[PDB]
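S.K.: This is what each chain is made of:
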Amino acid sequence: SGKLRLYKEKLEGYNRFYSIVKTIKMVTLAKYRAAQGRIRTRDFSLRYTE
Amino acid sequence: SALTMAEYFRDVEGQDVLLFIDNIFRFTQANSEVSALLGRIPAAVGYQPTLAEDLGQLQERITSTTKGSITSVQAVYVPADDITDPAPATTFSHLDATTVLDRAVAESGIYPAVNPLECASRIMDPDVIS
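In the order they appear, the protein sequences are chains A and B.
One rule links them: number in our numbering = place in the first sequence (from 1) + 567.
One rule links them: number in our numbering = place in the second sequence (from 1) + 11.
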C-alpha cells in the first residue's frame with residue numbers, strides 16, 4: 568500500500584540523514600582532537616600585547 | 012475482439028502486425044465490477060480472485076508464433092501511483108519491455124517522464140544488441 572510505504576520512504580530518508588550527520592561528527596571530532604593542542608600552548612604569546 | 016483480429020492477420024495472412032492497447036487495466040477493472048454480482052468473494056484490495064488467471068489467458072494470446080509476429084504495446088494504469096497494486100504488478104511478468112513513468116520526473120519538466128532506474132528490457136544483453 569502506498570500510504571504505508573509513504574511512511575517507509577519518510578523513515579528511509581531519516582535513516583540516511585542520521586548516517587550523513589554521524590559522518591559529520593566523525594570529521595569534526597578529528598579536527599577538534601587535533602585542534603585541542605592549542606589549549607596547551609596558548610595564553611602566553613599575548614603578554615606585552617596586553 | 013481486437014486481439015482476435017490481430018491473431019487472424021498473424022496466422023492466416025502471415026503478416027507482422029502491431030497491436031496497441033489503451034488501457035489494459037480497464038479489462039481487469041470491468042471484471043472486478045461484475046465479480047461482486049457473480050457471487051465471488053473479493054480478494055485483497057478488492058479485485059476479483061480470478062485476476063491473475065483471466066489476465067494470463069488474454070496475455071498469452073498476445074504473442075508471436077512461428078506463423079507470424081505481433082508487436083504489442085499496452086498501456087497500464089497504476090492506480091494512485093501505487094505500483095504495488097495487484098493489477099500493475101500482475102502485468103509485469105507478461106511483458107518483454109517495461110517503461111515505468113514517474114510523476115516526480117514530469118513535475119520537473121522532463122518528458123517523457125521515464126524513470127530509467129525502474130525500467131527493464133529482455134534484449135538488454137550483449138548477444139542481442141551491440
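Calculated directly from the structure, the hints in this document are not laboratory data.
Any given hint might turn out to be false.
[Claimed, not checked] Below, a list of computed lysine to any residue pairs in the SDA-like style, where the Cα atoms sit at most 20 Å apart:
| hint | chain 1 | residue 1 | chain 2 | residue 2 |
| --- | --- | --- | --- | --- |
| 1 | A | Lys-575 | B | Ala-17 |
| 2 | A | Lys-570 | A | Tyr-581 |
| 3 | B | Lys-78 | B | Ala-17 |
| 4 | A | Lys-577 | B | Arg-114 |
| 5 | A | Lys-570 | B | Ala-17 |
S.K.: So, for every hint listed, does it hold in this structure?
M.R.: Hints, verified against the model:
no., hint, verdict
1, A:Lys-575 / B:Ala-17, "violated, 44 Å"
2, A:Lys-570 / A:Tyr-581, "holds, 17 Å"
3, B:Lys-78 / B:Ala-17, "holds, 13 Å"
4, A:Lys-577 / B:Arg-114, "holds, 18 Å"
5, A:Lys-570 / B:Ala-17, "violated, 40 Å"
Comparing the model with each numbered hint stated earlier shows that hints 1 and 5 do not hold.
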